[PDB]
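Asks: The residues making up each chain are set out below.
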Amino acid sequence: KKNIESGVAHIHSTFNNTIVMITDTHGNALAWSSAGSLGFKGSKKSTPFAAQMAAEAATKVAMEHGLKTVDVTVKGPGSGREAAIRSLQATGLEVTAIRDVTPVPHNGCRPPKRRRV
Amino acid sequence: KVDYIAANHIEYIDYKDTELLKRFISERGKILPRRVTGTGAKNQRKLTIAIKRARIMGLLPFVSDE
Amino acid sequence: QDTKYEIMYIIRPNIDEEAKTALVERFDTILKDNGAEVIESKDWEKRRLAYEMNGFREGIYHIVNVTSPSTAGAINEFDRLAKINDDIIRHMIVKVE
Amino acid sequence: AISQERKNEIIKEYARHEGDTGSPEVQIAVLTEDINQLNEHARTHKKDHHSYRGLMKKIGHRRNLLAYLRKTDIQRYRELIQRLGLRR
RNA sequence: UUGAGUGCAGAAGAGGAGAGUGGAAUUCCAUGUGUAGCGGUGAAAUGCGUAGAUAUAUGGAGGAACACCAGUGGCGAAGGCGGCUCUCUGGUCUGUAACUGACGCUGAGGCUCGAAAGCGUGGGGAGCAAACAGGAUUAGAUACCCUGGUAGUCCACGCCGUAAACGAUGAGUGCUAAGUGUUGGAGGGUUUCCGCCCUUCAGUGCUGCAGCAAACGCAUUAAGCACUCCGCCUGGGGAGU
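Protein chains in written order, with the working numbering: chain C, 1 to 117; chain B, 1 to 66; chain F, 1 to 97; chain P, 1 to 88.
For the record, the hints were derived by calculation from the structure and aren't laboratory data. Hints may be right or wrong, so weigh each one.
The following residues of chain B were derived to be distant from chain F, with all beta-carbon distances above 12 angstroms [unchecked claim]:
#1 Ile-5
#2 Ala-6
#3 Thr-18
#4 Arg-23
#5 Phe-24
#6 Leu-32
#7 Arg-35
#8 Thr-39
#9 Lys-42
#10 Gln-44
#11 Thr-48
#12 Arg-53
#13 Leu-60
#14 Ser-64
EDC-like, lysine to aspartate or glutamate: derived pairs with alpha carbons at most 20 angstroms apart [as the list claims (entries may be wrong)]:
#15 F:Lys-42 x B:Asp-65
#16 B:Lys-52 x F:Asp-16
#17 F:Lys-46 x B:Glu-11
#18 B:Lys-46 x F:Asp-43
#19 B:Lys-16 x F:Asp-43
#20 F:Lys-95 x F:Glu-17
#21 F:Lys-46 x B:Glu-19
#22 B:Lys-16 x F:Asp-86
#23 B:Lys-22 x F:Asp-2
#24 C:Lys-75 x B:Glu-66
#25 F:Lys-95 x B:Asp-65
#26 P:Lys-57 x P:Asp-34
#27 F:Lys-95 x F:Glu-40
#28 B:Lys-46 x B:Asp-14
#29 B:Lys-42 x F:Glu-97
#30 F:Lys-42 x F:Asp-16
#31 F:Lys-32 x F:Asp-2
#32 B:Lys-16 x F:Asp-16
#33 F:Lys-4 x B:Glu-66
#34 B:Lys-16 x F:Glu-17
#35 B:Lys-16 x F:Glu-45
#36 B:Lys-46 x F:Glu-52
#37 F:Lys-4 x B:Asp-14
#38 F:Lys-42 x B:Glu-66
#39 B:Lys-16 x F:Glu-58
#40 B:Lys-52 x B:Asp-14
Don't be surprised by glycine CBs; every beta carbon is placed ideally from N, CA and C.
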C-alpha cells in the first residue's frame, strides 16, 4: 500500500543461514524472507538454492505494494551472495546499484579462540 | 625503474596540498604501498604522517565508499 | 632559540561578522600576553568537510603562525580555551620545519 | 640537557688555555653540569628507566677521568675538587 | 698519536616518561518500521523470541585495541617498542682533525633492569576467558564440539624475580677469495644523476672457496687463525629431592 516504489534491499548471509529484507530508503520495514521460514532446516540453509527461494518469496510480495527499482545491500560472507541478486533480477525487478558493505574493524576487538577439530 | 614522485625538487609535504596528496591514496580511500607506486624510502614515512594529520582536520576522508 | 607553530582551527558558518573578529583578536591577545610573537593571521578557505563533526559540514579555516620559547606558556593557555570554547570545531598545533 | 650556550660558556672558566676541549678538568666540569640536570629530570619523571642508564654511564666516565687525573698529579686533583666541590 | 675521549658540521629512528586528542568496530540503552523465528553443528541439542526477537534506521553511553602504509624494514643491552599532537629526556652513525696525551679491556662479591602468570591497596570493566553450569559425542568423557559465565586481562603505587628469557652460539681486539640484494651516510665522473657509473663507512639477509666439523653443516654477521678476562662441565637414575 501507499505505493512508495523506491527502496532498498539488504542481504545478510552467514556460513549457516541467509536473509533478505526489503525496505524503503529510510527504511521502515516492508517485506523480508529467509530460508529459515521457507521450511528448510539447519544443514541446508547455507546453500545457493535457499538464496533463490528466499529472494523470490520476498520480492513477489514486496513489489505488490508498488516497487520497481531497489538498492542492494550485501553483508555476510557466505554462498548466496551471487544467486540472490540474479534471482532478484529474474522475477522482474530493477537491481541497479550494488555496494558491498562488510563490517571490518580497525583492530579493537578480541575474536574467540581457534577451534580444535 | 618506476620514476620517483619527487623528480620535481619538492621538499616539504605540508599536509595541506591535497592536490599534491591525492596521487597516493586508493581510489577507495586507502593508502598505496611503496612497491606499488614506486616511491622513496624516507618519502614513504612523511607521506603517511602528512595524510594522517589531514584525516583529522577533515581535509580528507576516512572512508569513501557510500 | 625559539620554535615555530602553525595553529589552524575551524569556525562554524553560522557566525556573525563581529563575533568572528572579536574571537580572532581575543585569541591574538591571549597568545601575546604569554610571551608569544604573533607573526600574522589569515583565513585559509571557506571549506566544507569530508565528513561531519558535530552538526556541521562546513567551516572557516583560520590560521596563525607564531614563535616563542619552549617554556612559554603561550600554547597551554591557547588550548585551555580552544577546546572549552563553542564556535571552534578542532585545532592542531604543529612545529614548523 | 645543556645547550651550546652554557656548554661553551663554562669551558672557558676552567680552560687551562685557549681551546681546551680535552683537558680532563674541563670534561669533568661539563659532565658535572649534565649529571646535575639529569638528576633533576629523574626526580621529575622517576620511571624513565631508559635514561637513568645513561646517567649511570656518565657518572662512571667522570669517575674514570678523575682517577686518571689523580695518578699523574695531585695538586691539580685536590685543587679542582676544592674548586668544584664534590667527592664525599 | 694510531687506541680512547672531547670540540666543531651534519643524518635517521614503532628508544623512554608525562599531558591531551581522532576515527572504524563490538556491545548496552532510547525511538520508527516490522513479522515468526533467530543462533548453533559432522548431525543435533541447550539457548533468546508473540512482555514483539533477528533485521533495520537515528541518536546517546562506556571500555578497550589501533584497519590500510607493513617491508628477511627501523630503534633498543636484553625483556621488548606501531592511531595523532605537544613539554621533558637517552643512545647510535658519517664528515672534519680544533684539543688531552694510553686516561684501555674484562670484571668474583655488590647494585640496577627484568615477558607472561601470581599477591596487596584503591579505581575501572566493552570484548575474551581458567574455575563453574547446562547441552551434546562416548562402553566411560569430571576432555576435544556448542550455549552462558567469575577471578584475570586495563589504570596508580608497592611486591615476587622466573621462560624453549634461543642464534640453545660470553666479551674485547686483529688477520684470511668471491657474488648477490636491502636500511643510513660521505666522497668522484656523467650530469637536469634528484633518475646512472665508480670509491668508501656503518648495519642488515642469501649463495659460496680455503680451513674446520663424529656427520648435520659454518664460512668478513666464522662454529677458521690467534692473545686477554670471566662463567660452566666430568656415566645414566636417586633429584635440582
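Asks: Report the numbers of all earlier hints that the structure fails to satisfy, in ascending order.
Replies: Numbers 3, 12, 13, 14, 15, 16, 17, 18, 20, 22, 23, 25, 32, 33, 34, 36, 38 - these are the hints that the structure violates, sorted from lowest upward.
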